[PDB]
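In case you want the letters, here they are:
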Amino acid sequence: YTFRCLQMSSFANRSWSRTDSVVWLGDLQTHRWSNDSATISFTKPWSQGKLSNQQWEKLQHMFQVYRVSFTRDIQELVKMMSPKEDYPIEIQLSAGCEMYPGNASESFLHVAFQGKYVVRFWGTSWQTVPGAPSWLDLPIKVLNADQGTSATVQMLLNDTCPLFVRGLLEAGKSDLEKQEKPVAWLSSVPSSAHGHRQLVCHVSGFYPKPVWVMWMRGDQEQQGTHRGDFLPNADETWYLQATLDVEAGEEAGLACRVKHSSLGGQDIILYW
Amino acid sequence: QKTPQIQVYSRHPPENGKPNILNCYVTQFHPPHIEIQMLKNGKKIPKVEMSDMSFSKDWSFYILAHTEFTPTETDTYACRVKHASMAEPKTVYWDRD
Amino acid sequence: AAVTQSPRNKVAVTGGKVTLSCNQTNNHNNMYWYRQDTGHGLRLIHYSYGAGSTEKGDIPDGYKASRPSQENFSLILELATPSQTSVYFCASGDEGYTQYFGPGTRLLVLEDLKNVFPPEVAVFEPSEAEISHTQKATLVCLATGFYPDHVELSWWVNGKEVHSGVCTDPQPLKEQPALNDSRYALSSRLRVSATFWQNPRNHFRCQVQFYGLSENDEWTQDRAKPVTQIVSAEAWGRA
Amino acid sequence: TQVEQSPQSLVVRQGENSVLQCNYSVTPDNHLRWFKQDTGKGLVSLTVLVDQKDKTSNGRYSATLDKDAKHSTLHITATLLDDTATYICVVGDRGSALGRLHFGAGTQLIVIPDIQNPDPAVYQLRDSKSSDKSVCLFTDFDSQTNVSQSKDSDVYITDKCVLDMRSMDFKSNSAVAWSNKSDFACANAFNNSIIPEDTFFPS
Ligand SMILES: CCCCCCCCCCCCCCCCCCCCCCCCCC(=O)N[C@@H](CO[C@H]1O[C@H](CO)[C@H](O)[C@H](O)[C@H]1O)[C@H](O)[C@H](O)CCCCCCCCCCCCCC
Ligand SMILES: *[C@@H]1O[C@H](CO)[C@@H](O[C@@H]2O[C@H](CO)[C@@H](O)[C@H](O)[C@H]2NC(C)=O)[C@H](O)[C@H]1NC(C)=O
Ligand SMILES: *[C@@H]1O[C@H](CO)[C@@H](O)[C@H](O)[C@H]1NC(C)=O
Ligand SMILES: *[C@@H]1O[C@H](CO)[C@@H](O)[C@H](O)[C@H]1NC(C)=O
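Chains as they are written, first to last, in our numbering: chain A, 4 to 275; chain B, 3 to 99; chain C, 30 to 268; chain D, 129 to 331.
These aren't lab readings, by the way, just hints derived from the structure by calculation.
Treat the hints loosely; a few may be bogus.
As the list claims (entries may be wrong) - Going by beta-carbon spacing under 10 Å, a handful of chain A positions derived as facing chain B:
| no. | residue |
| --- | --- |
| 1 | 27 |
| 2 | 91 |
| 3 | 95 |
| 4 | 118 |
To be verified - Over the 10 Å line for every Cβ pair with chain B, so calculated as not near, a few chain A residues:
| no. | residue |
| --- | --- |
| 5 | 29 |
| 6 | 48 |
| 7 | 66 |
| 8 | 85 |
Idealized CB from N, CA, C, for every residue including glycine.
Could you build all of it, start to finish, from the sequences and the hints given here?
What follows is the structure in C-alpha cells.
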C-alpha cells in the first residue's frame with residue numbers, strides 16, 4: 004500500500020492563488036482539502052486512523068500554517084527570480100510513504116514545477132534531482148537556510164508518516180480488503196479496415212484493482228487481445244474493456260473469460 | 003501544454019429504459035484549469051457530479067465527471083471539454099458498443 | 030557584516046527630490062529599507078532581492094527604490110512631503126533570517142528654507158573656584174542661533190575626539206519659544222582633572238557639525254548660504 | 129500592532145534590576161530578537177531566542193521565550209547609567225531571507241545615576257575670547273535635585289546632564305545657565321529651582 008498527499012498549487016499572477024490537496028491510500032481517497040475549506044476533510048470514516056482527537060488538531064494546525072506560509076514563500080521566490088521566472092506558475096507536491104511488511108517503510112516528498120519533477124527532500128535538506136535547471140540552486144539555498152522547517156519535514160517523513168499509515172491500514176482494513184462482483188457485457192464495432200471487426204468485452208464494478216480479462220475461442224486463449232487502461236467508477240469501483248480484431252465470420256464460436264478475486268472460483272464466461 | 007484524453011462509458015450494462023450512470027474520464031492535461039460539460043442531445047445536463055481533481059505519477063492531471071441518465075435509441079449523450087491546449091472544445095459522444 | 034548610510038542627516042524642502050543611499054560590501058543579495066517613527070516600530074518601505082530588482086514593502090507610497098548594483102540600494106523621494114520626516118534605516122542579508130542594520134539617517138522636510146541658520150560656537154574656560162574646590166575642571170560649550178536642531182556636537186582634545194567626562198543636552202532649547210519655528214541653542218560639558226587643564230600644551234576644542242543646505246539647493250536670500258558646515262571654538266590650557 | 133511591549137516607559141535607580149515584556153500575535157514565530165537603541169544612535173542586537181522554550185544570557189542581559197504563550201521577557205541585572213535606551217522586540221516569521229520582521233514600538237528605560245559624594249556649587253565660566261561673555265554652571269548636585277527652567281524668556285537654562293569620568297569612576301550632574309542681560313548674575317541665575325542650602329557660591 005502506497006500513501007500519498009497530492010497538492011496542486013496554481014499562481015495566475017502576483018495576487019491570485021489557490022492550493023488544493025487530495026490524499027490517497029492505494030486506489031482509495033482518504034482526505035480532501037480545497038482552497039475554500041479552512042480544515043482538512045475526511046472522505047472515509049477511518050481517515051483519522053489511530054490518532055487521537057488532540058493529535059489530529061496538532062497535525063491539522065501544522066498544515067494550516069504550512070498552506071499560508073507556502074503561498075507567500077512561492078510569491079517571494081518568484082520576486083527573487085524575476086524576470087527569469089514569471090506567472091502563471093503551477094507547483095505540485097507528492098509527499099507520503101510506501102508501507103512494506105515487518106515494520107519497513109520508505110518515505111518521499113517530490114516537488115514539480117510546471118509539470119516537471121525538479122526538487123525533492125532527501126535526508127536532512129532540499130535537493131535538485133537530475134534534469135532540473137540551475138536557477139533553482141538559489142531557491143533551494145534559501146529553503147535550506149530555514150532549519151526549523153527542515154527539522155519538521157524530517158520528523159514528518161521519517162516518523163509521523165509510517166506511524167499514521169500503520170494505524171490507517173488497521174482502521175481501514177475492512178474497506179481495503181472489500182470485494183465487489185464485476186458485471187460483464189459484450190459488444191461489436193466495425194473497424195476502419197474493410198473486412199475485420201473489433202469485438203469489445205466491457206467489464207465494470209470490480210474491486211480490488213487486479214483482474215484477468217481475456218478472449219477465448221472456447222478453451223484456447225487468443226494472443227490478439229488488447230486490454231485497455233483501468234477507468235474509475237463514481238462508487239470507487241473499476242472499469243476495463245478488452246478488444247480483439249476478428250474477421251467477419253470468426254465472431255461466432257468465441258467467448259470472454261473474466262477472473263477476479265470477488266468471483267471466487269467460478270469465472271464469468273459470455274459466449275458471442 | 004498536453005492535449006486532454008476523454009473517455010465516456012456507462013457504470014452498469016446499458017439497457018433502453020433502465021436508469022444508468024454515464025462516466026466521463028478526462029486525462030493527460032496540464033494546466034489543471036478545465037471546463038467539463040456532459041450534454042444530452044446538445045443541451046448541458048444540470049446535476050453533473052464532479053470528483054476531486056488529482057494527478058498521476060507522470061504529474062498529468064485527471065478528473066471524473068458523472069451523472070444519472072436513462073439511455074434511449076434516439077437520445078444522444080456527449081462530453082464537451084474546453085482546455086487551453088485546444089483552440090476548439092473537444093466534444094466526444096457516447097458510443098454504446 | 031557592516032552597512033553604511035549616506036547622508037546621516039538631511040534637511041530638504043517640500044516638493045524637492047531626496048535620495049537616501051545605502052552601501053554594503055558584504056556581497057549580500059538582499060537589502061531592505063525601513064522608517065522609524067515615535068509610537069511605531071520599524072515599518073518596511075521597499076526591499077530588493079538583487080541588482081535590478083525593487084519590491085514594494087508594507088508602506089511604499091511616496092517612495093521609489095533603486096538597486097543599480099549589489100553594493101548600493103537607494104531610497105528616492107521624488108516629491109518630498111513633511112509626512113516623510115523620519116529616521117530611515119537600511120539593512121542587508123544573505124539566505125539567513127539575520128538583517129544587518131545601518132546607523133540610520135535623520136531626514137527633515139520643511140515647508141521652506143528661509144529660516145535656516147548655522148550655529149555660533151563658544152567655549153567657556155573652567156573657573157579657578159572649581160579647580161581649588163573639587164580638583165576638577167569643567168569646560169562648557171555653547172552652540173547658538175541655529176535652525177533646524179540637526180547638529181552633532183563633539184569634544185576634541187589635541188586632535189583626538191574624547192568621550193569620557195563628556196555630556197551633551199538630549200534636546201536643544203528654543204531661543205525664542207514664543208516665536209513660531211525659532212532658532213535653537215545646545216550646550217555640552219567636558220570635565221578633566223585640574224592637573225590636565227593646567228598643562229598649557231593641551232588643546233581643547235568643541236566642534237559642532239551643522240546639517241543644512243547643499244550645493245544643488247537654490248538660495249535667493251541676500252545673506253550667506255546656510256550650508257552644511259563645521260563650526261568650532263577652541264581653548265588652550267593654563268596654570 | 130502584531131508585536132506589543134510593556135511597560136511603555138520606566139525609571140529605575142542604578143543597581144536595581146529592570147524586567148521588560150513582549151507579547152506578539154505573529155504567525156509563524158521563528159525567532160525573537162531584543163535590540164538596544166541609544167537616543168539618536170542605531171540598533172544594537174542584545175540576544176536571539178529560537179527554541180519553543182528558550183533561555184539566553186549575555187552579561188547583565190538575560191531573556192526567556194515561550195512560543196506557546198507567544199511571550200518574551202528581558203531582565204537587565206544591576207542596571208548602569210549607560211543602560212538608558214529604548215529596547216525593541218522583533219519577531220521573524222521565517223528561518224530564512226523570505227521572512228518579514230515584525231517590530232514593537234519599544235520600551236524606553238531611564239536609569240538614575242548613583243551620586244556617591246555630592247558637593248553642589250554654582251561656578252562662573254568665562255569665554256576664551258572675548259571674556260565679557262560668561263555662563264553659570266550648577267554642578268555636583270544629588271539625584272533628588274531638579275533644575276527648573278527660567279521664568280525670564282531672555283534667560284536660558286538647560287536640563288540636568290550627567291557626565292561619566294570612566295578613568296576615575298566619577299559621575300556628576302550639571303546644568304548651564306546664560307543671558308545677554310546685565311541684570312543676570314550666577315547668584316540669581318538658578319533662583320527658579322529648589323537648590324540645597326549647602327550650595328557653594330564663590331565671589
Ligand atoms: C506528509 C505525510 C505526513 C502524514 C500525515 C497525514 C495527514 C493527512 C493530511 C494531509 C493534508 C494534505 C496537505 C498537503 C500535503 C502536501 C505535502 C507537503 C508537506 C510539506 C511539509 C510541511 C512543512 C512544515 C513546516 C512549515 O510549515 N514551514 C513553513 C513555515 O516555517 C516557519 O514556521 C515554522 C513553525 O510553524 C518554523 O518556526 C520555521 O523555522 C519557520 O521558518 C515554510 O514557509 C516552508 O518554506 C513552507 C514551504 C515548504 C515547501 C517548499 C517546496 C519547494 C518549492 C520550490 C520551488 C521554487 C519555486 C521558485 C519560483
Ligand atoms: C531522517 O532520515 C534521514 C535518512 O533518510 C536521516 O538523514 C541522515 O542524517 C545523517 C545525520 O543525522 C547523515 O549523516 C546522513 O547522510 C543522512 N542521510 C541522507 C540519505 O542524507 C535524518 O537524519 C533523519 N532525521 C531525523 C530527524 O531522524
Ligand atoms: C489574476 O488572475 C485571475 C485568474 O486568472 C484573474 O481573474 C485576475 O483578473 C488576474 N489579476 C490581475 C491583477 O491581473
Ligand atoms: C485561497 O484561500 C485563501 C485563504 O482562504 C484566500 O485568501 C484566497 O483568495 C483563496 N483563493 C481563491 C482563488 O479562492
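Verification of the supplied hints:
1. 27: holds, 7 Å
2. 91: At about 7 Å, which falls below the 10 Å cut-off, the nearest Cβ of chain B leaves the hint on residue 91 (chain A) intact, so it holds.
3. 95: holds, 6 Å
4. 118: Where the cut-off is 10 Å and the nearest Cβ of chain B is about 5 Å from residue 118 (chain A), the hint holds.
5. 29: holds, 13 Å
6. 48: holds, 18 Å
7. 66: Given that every Cβ of chain B is farther than 10 Å from that of residue 66 (chain A), nearest at about 17 Å, it holds.
8. 85: Answer for residue 85 (chain A): holds, closest chain B Cβ roughly 21 Å.
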